[PDB]
Structure formats: structure tokens, C-alpha cells
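Visitor: Chain by chain, the residues run as shown.
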Amino acid sequence: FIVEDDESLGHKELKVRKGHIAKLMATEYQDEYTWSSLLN
Amino acid sequence: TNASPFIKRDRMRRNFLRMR
Numbered sequence: 638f639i640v641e642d643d644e645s646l647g648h649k650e651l652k653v654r655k656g657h658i659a660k661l662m663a664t665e666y667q668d678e679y680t681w682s683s684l685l686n
Numbered sequence: 016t017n018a019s020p021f022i023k024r025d026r027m028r029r030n031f032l033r034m035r
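Going down the list, the protein sequences come from chains B and Q.
Residues 638 to 668, 678 to 686 (PDB author numbering) make up the first sequence, in order.
Residues 16 to 35 (PDB author numbering) make up the second sequence, in order.
Next up, chain Q with everything else stripped away, as it sits in the complex:
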């Protein structure tokens, strides 16, 4: 499992820039 000990935010902002 990955279990999420830490997380990223702007990488996802960018992923939604490509998604939208």
C-alpha cells in the first residue's frame, strides 16, 4: 500500500491544468 504519509499539491494543480 501507499498509506499516504506525505502529500503534494501543486503537482495536482498542474495535472488539472492538463485535465481542463
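Chain B with its partners taken away, still in its complex shape:
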């Protein structure tokens, strides 16, 4: 998991957020993100 040091919200944070993993959940239960489509 990548981390940017700087943050407008402050201290230090990993870049990935709740919306991305929500989209991953939606694509899994679709039955258009992939692992590669997160990588790009």
C-alpha cells in the first residue's frame, strides 16, 4: 500500500480511500475495476 507523506488533512496517509474499495466491492458483486485497473 502506497503512502504520501504530505496531506492537506494533515499528518501522513495512505492514498487509498473508502470510495475505491466501495467500487471494488461493487465490481465484485456485479457478478469494472480489476487489480490491474487499480494498479494503473
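Misleading hints may appear alongside valid ones.
Pairs of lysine-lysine residues, derived as DSS-like cross-links and limited to a Cα-Cα distance of at most 25 Å, are as follows [said to hold, decoys possible]:
| id | chain 1 | residue 1 | chain 2 | residue 2 |
| --- | --- | --- | --- | --- |
| 1 | Q | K23 | B | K655 |
| 2 | Q | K23 | B | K649 |
| 3 | B | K649 | B | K660 |
The hints are simulated quantities; they were obtained by calculation from the structure and are not laboratory data.
Given the coordinates of chain B, work out where chain Q should sit on it, guided by the hints.
Guide: Same frame as chain B, but now just chain Q:
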């Protein structure tokens, strides 16, 4: 505390259906 011994998934899928 809740301490999360167990977790739910589709209830949250539904919560994001209302959120989006």
C-alpha cells in the same frame, strides 16, 4: 468497545447503494 469479533459485508453494500 465493540472490538470487532465478527463483520458484515452485504449490509455495507446496501449502505453504499443508498449512499451513492
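Visitor: If a hint holds in the structure, say so; if it does not, say that too.
Guide: Outcome of the hint check:
no. : hint            : in the structure
1   : Q/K23 x B/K655  : 16 Å, holds
2   : Q/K23 x B/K649  : 29 Å, violated
3   : B/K649 x B/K660 : 24 Å, holds
Figure legend: structure checked against the earlier numbered hints; the only hint not met is number 2.
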